[PDB]
Amino acid sequence: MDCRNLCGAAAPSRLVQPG
Amino acid sequence: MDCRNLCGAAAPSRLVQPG
Amino acid sequence: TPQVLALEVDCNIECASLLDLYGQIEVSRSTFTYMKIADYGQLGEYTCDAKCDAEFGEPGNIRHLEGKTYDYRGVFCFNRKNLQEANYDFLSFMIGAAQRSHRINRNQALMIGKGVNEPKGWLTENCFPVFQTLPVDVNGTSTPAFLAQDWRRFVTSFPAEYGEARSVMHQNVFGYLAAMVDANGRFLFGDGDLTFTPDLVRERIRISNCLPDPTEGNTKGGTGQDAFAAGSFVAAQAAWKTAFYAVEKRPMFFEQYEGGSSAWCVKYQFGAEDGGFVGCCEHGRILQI
Amino acid sequence: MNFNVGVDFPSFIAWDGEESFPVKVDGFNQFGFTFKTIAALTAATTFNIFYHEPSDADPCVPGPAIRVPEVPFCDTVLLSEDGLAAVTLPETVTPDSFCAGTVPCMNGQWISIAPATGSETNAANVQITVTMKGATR
Amino acid sequence: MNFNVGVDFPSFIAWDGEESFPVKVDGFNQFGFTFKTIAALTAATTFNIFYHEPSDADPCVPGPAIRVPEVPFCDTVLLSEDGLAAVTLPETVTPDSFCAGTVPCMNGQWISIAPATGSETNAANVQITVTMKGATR
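Residue numbers (the authors' numbering), protein chains in the order written: chain 0D, 1 to 19; chain 0C, 1 to 19; chain x, 176 to 464; chain 8, 1 to 137; chain 9, 1 to 137.
Hints listed in this document are in silico derivations from the structure and should not be mistaken for laboratory results.
Heads up, the beta-carbon is just placed ideally off N, CA and C, and yes, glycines get one too.
Please note that the accuracy of each hint is not assured.
[Claimed, not checked] Examples of chain x residues lying across from chain 0D (beta carbon under 8 Å, computed):
(1) 393
(2) 397
(3) 399
(4) 403
(5) 407
[Stated by the list, open to error] Restraint ranges, calculated between C-beta atoms of paired labels, are given here:
(6) 191 (chain x) x 17 (chain 0C): 47 to 57 Å
(7) 4 (chain 9) x 248 (chain x): 16 to 26 Å
(8) 261 (chain x) x 71 (chain 8): 34 to 44 Å
Use the sequences and the hints to build the structure in full.
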């Protein structure tokens, strides 16, 4: 009842952490 | 005449030491 | 024909582990007991060499206390003919995954064990002295915040008489700290380095992600955006070789559950026995908001 | 030669005839049950066991009172209609003979005993209290 | 895995905060007292200790209340008013903070604890129980 799939739409993300 | 137990109060504290 | 090589990729992370830091004790049949030496009472008084008598002093307490150990059990099936064929060994894989799940549950228990039939976690027990950061008054609001000054004052304020004590926190916390900047636009601590990189080999930085981070994932609390949430846990520091003890009784054991298994099926039964308790929590300290 | 047995096995009042008493079993890890009658019985009596959780107000004060589901051992013949643990003090028990009891699996941080309904008049003549065994801290 | 500790060190109510109760200790050989505050106190509160004798009308009923005398040892140089076993719980003893006590030498058939004159209103907020040890019957 299972399988795996992906295409590389791993859109990058930001982080910003000021003080 | 004695036993021990201290709930948990624990009253978190600060340190403060500027110039 | 296909070729078979002899490598296997895992691609599965367990966590960081804190079972190495705690005081390890192997045990036997349950209901262990030990000592709790309270305080050596002042015995002498000091003496001028004139009188032909001494003076008594106060005695101390022993308090032979004890604790219980908990257990872990599980069961699982297997087909009989499916095991002879299907070249890969399901049995050893199940054994390994059961030991691993037991390990991760043990790790979660020692930290946040909720009392009843749960090894009392040192987080929820809360006999550690805890300090908290001070709020900052930006444009007159006094919002809860956190800067590096609070961190030092937390780490240094430790009495070095207790011995070298390790400090633990979440990697989001380490990142947010490393991401601090002065007014010059220059860095902060962990300055000189295009390296940063949490070496943490022995010195006072240590990271576990299966701890509660106060960053709510990331970009939270601390961030140019929404402010920080108060009363949140940040980090701890203790001499875990004596601050908190982990006790083991019996290694993970598996056994074919005879009865309920036939010439067409197999049922197994596995278990183990372990626990943990607080040592001298007057050693370690906690940082909160 | 009596030992100070207040530093081990400290007991707490649970039911003084007309008032229940939540006892905290957090630090301790073994505890029983002692029933003592003070006068003559009329009919059999029963007591319902309840347990409490840490109220979000204060972590070391009790919250509400939830009934305790009994777990039966091997070799059991019946199940209490609801499955909630409850003890019974039978009729014809003289008020100079204790009775012992113990729930086999605890839950919660405070235990409490209440007179089961329809048997509250006799509860006055009943006094229930609990000791503990473990310290853990 | 809490064993049935009713048998093997049971306990009973000694002082409910409103009246005392004789609790038989003849069938035992060791015992002690467990004190517990239900609210904050006002000062150091004293309690007198007494022991009873079997009223010759019935060998299982309370006689008079003889006051057990305090007994010293090596470093005890703080004898009371000629000697009488009495305890005192000081201030700074909060709720969820119980205390422990015992009597050095046994005498009579059973013990009882009473609020010392002046500590009555504060005794109204304390619960005292007794737990035994070692019995063979």
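To see whether the hints hold, each was checked on the structure:
1. 393: holds (7 Å)
2. 397: holds (6 Å)
3. 399: holds (5 Å)
4. 403: Violated - the Cβ of residue 403 (chain x) stays beyond 8 Å from chain 0D, reaching only about 11 Å at its closest.
5. 407: Constraint on residue 407 (chain x) not satisfied, violated at 16 Å.
6. 191 (chain x) x 17 (chain 0C): 47 to 57 Å: violated (32 Å)
7. 4 (chain 9) x 248 (chain x): 16 to 26 Å: holds (24 Å)
8. 261 (chain x) x 71 (chain 8): 34 to 44 Å: holds (39 Å)
Hint check: violations occur at hints 4, 5 and 6; the rest are consistent with the structure.
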